[PDB]
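In what follows, a structure is listed as structure tokens, so that the remarks can point back to it.
With one protein chain withheld, the remaining protein chains of the complex are depicted in position.
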């Protein structure tokens, strides 16, 4: 409801368990891989080659399998 | 008009009421489902497949039925 | 001027006076209605169906008739 | 180099002289008229019909005649 | 680095040496001229007609000839 009390445990949960995710950007582009790390501004997506991904360019994050906290 | 004094009760009603909402993104992509939770930056949209949506990517939130503030 | 010291008087007038407005979004979509309420982050636009509109996705708010501020 | 130290005087001058301005939106649309007023977030652009333009939506402000 | 400890010196020097830069906006438009002045939020781009350019709508600023600091 305020702060990152959902965004942060959601992303660490998806980090801690090596869940495959789809990352859609605002430009439409879809990324896939595993979330190595993240801070307030960026995410490290691990795949073939890996990518640091600015959260401001993120529309959605869709885990490959249902997750919880 | 101060702070999230509309955005927070509005969306909290939707989560509490579990109303179907359509979420329209700034890029012209349509999301549909129900709001499981929210914080200052994101909204968990629930559906057959479930997504996390960064607010900054959303243009309008459009419920399925009338909601009273 | 200073802060949002122009935005709210403009919006609160449009709300208190039930003025039909046209809200334009940065993606080039047009929305039409009357401003039910607002806060720092969103606007509640009513008409056919109601909807919450993120301000960061708006470019212009154009009244259907002139107003004094 | 900080604050709105160039924006404030540029905008406040433009209003005080009521120079016709063209405002170009990030989405490529062109709005036009006079700056009647402004704050940290928006610019009131009067014309046939007046409108509130969010600053974040603007790409460029391009006056008709030079300001000083 | 921290803060504006590269941006401010870079645009300042472009201002001083009066380098004709080319400013590409996120929307793909190239606005070519010289930097009279800037503050935290805008660049003023002198040319045949001068114009205020909101920095948040900037993608890149490319100098005509390489520069130092």
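Just so it is clear, A, B, C, D and E label the chains in written order, and each chain counts residues from 1 on its own.
Everything below uses one rule, namely that a contact is a pair of C-beta atoms (placed from the backbone, for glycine too) under 8 Å apart; a residue touches a chain by one contact, two chains touch by 3 or more.
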| item | value |
| --- | --- |
| Residue among A:16, A:56 or A:65 that touches the chain left out of view | A:56 |
| Chain E residues that touch the omitted chain in the full complex | 1-7, 10-11, 26-28, 55-56, 58-63, 66-67 |
| On chain A, residues whose C-beta touches the chain left out of the figure | 25-27, 29, 31, 37-42, 44, 49-54, 56-57 |
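Following the convention adopted for this analysis, only the chains that are shown with their structure count from here on.
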| item | value |
| --- | --- |
| For chain A paired with chain D, centre-to-centre distance based on mean C-alpha positions, whole Å | 38 |
| Multi-partner residues of chain D (each touching 2 or more other chains) | 26-27, 56, 58 |
